[PDB]
Structures are given as structure tokens and as C-alpha cells.
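Okay, so here's just one chain, in C-alpha cells, the form deposited without its partner chain.
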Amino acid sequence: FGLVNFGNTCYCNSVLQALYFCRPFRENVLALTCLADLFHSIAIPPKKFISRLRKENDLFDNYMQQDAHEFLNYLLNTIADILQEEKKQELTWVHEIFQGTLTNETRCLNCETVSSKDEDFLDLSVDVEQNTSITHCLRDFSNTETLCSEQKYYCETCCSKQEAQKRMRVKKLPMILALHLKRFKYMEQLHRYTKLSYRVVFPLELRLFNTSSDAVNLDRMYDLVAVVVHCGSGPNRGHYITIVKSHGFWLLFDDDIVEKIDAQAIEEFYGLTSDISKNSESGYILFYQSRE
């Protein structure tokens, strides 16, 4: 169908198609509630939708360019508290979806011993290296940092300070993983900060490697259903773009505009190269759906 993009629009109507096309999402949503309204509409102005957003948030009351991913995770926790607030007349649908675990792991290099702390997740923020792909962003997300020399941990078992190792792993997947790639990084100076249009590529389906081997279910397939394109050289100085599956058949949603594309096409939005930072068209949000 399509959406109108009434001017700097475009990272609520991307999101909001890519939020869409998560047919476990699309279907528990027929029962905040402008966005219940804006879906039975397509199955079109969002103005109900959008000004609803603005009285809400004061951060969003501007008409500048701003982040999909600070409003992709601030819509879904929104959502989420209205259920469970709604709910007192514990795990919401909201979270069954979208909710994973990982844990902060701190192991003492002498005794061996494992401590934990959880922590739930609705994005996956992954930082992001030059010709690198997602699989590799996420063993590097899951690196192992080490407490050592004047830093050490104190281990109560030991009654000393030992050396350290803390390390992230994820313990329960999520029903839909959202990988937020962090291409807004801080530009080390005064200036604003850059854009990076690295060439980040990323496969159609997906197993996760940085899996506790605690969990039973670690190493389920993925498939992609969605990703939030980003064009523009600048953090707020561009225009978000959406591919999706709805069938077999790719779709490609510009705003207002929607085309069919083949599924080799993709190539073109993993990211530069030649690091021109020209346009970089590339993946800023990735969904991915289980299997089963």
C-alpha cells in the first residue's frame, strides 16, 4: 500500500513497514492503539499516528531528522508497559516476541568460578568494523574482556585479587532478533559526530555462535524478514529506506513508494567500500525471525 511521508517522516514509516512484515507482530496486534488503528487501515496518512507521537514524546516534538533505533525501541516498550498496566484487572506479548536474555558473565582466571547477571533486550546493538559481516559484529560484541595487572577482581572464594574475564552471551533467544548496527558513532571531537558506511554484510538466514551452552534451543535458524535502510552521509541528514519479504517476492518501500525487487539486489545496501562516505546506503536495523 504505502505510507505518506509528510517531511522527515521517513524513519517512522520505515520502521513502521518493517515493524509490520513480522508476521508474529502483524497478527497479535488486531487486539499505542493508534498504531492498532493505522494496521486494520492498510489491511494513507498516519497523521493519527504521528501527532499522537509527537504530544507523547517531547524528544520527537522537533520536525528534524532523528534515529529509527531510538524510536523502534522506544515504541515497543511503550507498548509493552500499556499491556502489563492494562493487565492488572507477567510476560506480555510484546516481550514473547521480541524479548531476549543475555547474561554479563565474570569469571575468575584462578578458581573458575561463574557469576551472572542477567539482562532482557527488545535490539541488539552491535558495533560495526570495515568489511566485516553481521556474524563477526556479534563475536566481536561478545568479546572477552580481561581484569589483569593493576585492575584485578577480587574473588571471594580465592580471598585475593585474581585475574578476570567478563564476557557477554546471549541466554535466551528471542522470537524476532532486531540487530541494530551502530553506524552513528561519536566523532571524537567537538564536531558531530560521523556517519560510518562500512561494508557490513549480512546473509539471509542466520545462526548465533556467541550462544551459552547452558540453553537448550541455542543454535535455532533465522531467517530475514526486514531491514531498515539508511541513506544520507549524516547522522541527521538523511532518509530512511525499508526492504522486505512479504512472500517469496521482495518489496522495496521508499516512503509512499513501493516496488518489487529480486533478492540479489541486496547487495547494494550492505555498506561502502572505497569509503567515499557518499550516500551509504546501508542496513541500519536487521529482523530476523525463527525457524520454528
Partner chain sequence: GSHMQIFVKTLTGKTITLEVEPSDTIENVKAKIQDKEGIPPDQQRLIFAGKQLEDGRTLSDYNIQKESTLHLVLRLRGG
The other form holds:
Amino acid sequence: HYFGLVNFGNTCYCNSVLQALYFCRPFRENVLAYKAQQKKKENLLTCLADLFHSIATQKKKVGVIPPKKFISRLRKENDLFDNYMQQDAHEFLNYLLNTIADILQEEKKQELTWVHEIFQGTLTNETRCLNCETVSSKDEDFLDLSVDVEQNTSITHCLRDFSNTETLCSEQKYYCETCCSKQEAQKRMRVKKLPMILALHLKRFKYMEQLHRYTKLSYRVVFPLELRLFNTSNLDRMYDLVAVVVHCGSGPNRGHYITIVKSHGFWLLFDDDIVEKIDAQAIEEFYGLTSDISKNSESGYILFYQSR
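Take the protein just shown as the form deposited without its partner chain and give its structure as the form deposited with its partner chain bound.
Here you get just the chain by itself.
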């Protein structure tokens, strides 16, 4: 229903992603169907299924649920999160999905898992040597797309930019196997297979070589409520925004994560144990800062688009 999650020591990075995933309808359903199979052995997936089932079956519509067993299991099986330090939501997202997918694959073994049916897409990278005109195509799967950002733009620009032709020249020349030498080339990554749920990760960070540190990019990056994406052939797919994982903080080393989700036509904001209904106009706060872009921002970081 609408329950917050208890923070068990800088675990908002995990809570924010769990909330986003709970409101990814096919993912919630497959997790609930996994709980229904009533597995006896314990692992990260059975813990996630137990948690989703507790959220789904709470007697009330509003309250607080402790993801205690899930957090305990997450810390036990992964050295990377086996601490009480602040962590990245996208690193957690990718780890959780691959861990679940491995559990499911190992169960088929005892092909594509339902995690892949939901989140997996395929890109086709084409590299064209500008000297001999030979084109080399390579297909590569993804569970999410990490898109670079710019000030005062849309996720539509970032997505089209990700698939734009780039010229490889000078130090980045392409080694062409026909030319047997480095040549100028055009590289383009196009979407071959669009996923059921498209997860977009904003690269809101910039490395300053001269300063030996990186900063958070608090740029204004508008996210639309709907997105139409095309396949290189189903020719296209219409998507609706269902969740946004937001990183709150002026810098990249510390902060707080919250999630906004679309449920029955309205928006909800989940901030650990607190849940509040928010107006559609309030989600604009999460596009990022207009002026004084070095200040504390609440910025969209992971977007979840559900295909129609």
C-alpha cells in the first residue's frame, strides 16, 4: 500500500531503490509470484520477496515497515555494502538486479530470467571506418542506460545524445581490421531492443583533473512524464514515468536519497519512514537547480519508465 521503510544506518540508498522497484508493476508482480512459490532456503531474492509481500499485505494503507532481514542479508553477501557508510543508489540497483538474475538463472540450471524480461534492452554499436567505409556492428545488452547530462536540458536530449554519431579522431582513432591501422571513424549506439521498463541513470558528476576531485552536477535536467523510444527494426514503444530516485545534497560524498512514485494517477514522496502525497508541479523541484548550481540540490538521478 503506502508504507515507508526504516533506515538501518545510511540505508536510504537501498530504501529509495526498493520503493522505486515496488512501484515498477511487473517487477513487484514477479517478486510477489516468487514469494508465492514459498522457497525454504534464504537469499537476497527470498528476503526481497518477503519484504514486498509484507508491504502488499499490511492491514492498513499507510505506515512503516522495517527491511531488517533484507538489509542484514545485503550486508552479509556483499563486501561493498557490508558497512554503515553512505552508498550510490545506481550501484545498489545494478547489484540487486544482477544478484536476483543469478539466483533465477541458477534455479533454471537446477535463457532470459524474468529480471531480463523486465529490464533488459539491447544496443547495437556500429563503428564505420571513414577510410574504407567498412561498418562493424556489435550488440550489447543493458539493464539501464547511463546518460550524460548538460545544463538546462531534457532527458529526451540526453537519450538522443546517447544514440548520436560520434567521430573518433586523433587519440581516439579506431583500429580498423580492414585498414589494419588506426583510422577516423563514426561510432553510434542505437537501441535494437527496447526494455519493458527503461531505467535511466543521470551521470550527475564531473571529474576536475586539475583539482584531483569530482563534483556533483546539480544541472536542470527536465524529465518528461511520457517518452517515446524507437527500435532499429515493433517500431517504437510509449513509456510513462513511474518513479524517480532523487539524490539530495550539494556534493557526491554525502547526501540523502528519496523517491517519488506515480500511484493511481497521483504522486507520492517516500523519504525513508515518511510518505507524503505531492502535487504534480512539486516534481519540478527534482529537475535540478537553475541558479547557484553549487548549492544543495534535490536532483533526479534514476528514472523508471514503464512501457504502455
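Positions refer to the first chain, counted from 1. The term rigid core refers to the maximal set of C-alpha atoms that superpose within 1.5 Å between the two forms.
After superposition on the rigid core, the single residue among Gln84, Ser115, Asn73, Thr101 whose C-alpha moves by 2 Å or more between the two forms is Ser115.
Relative to the superposed core, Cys158 undergoes a C-alpha shift of no less than 2 Å between the two forms.
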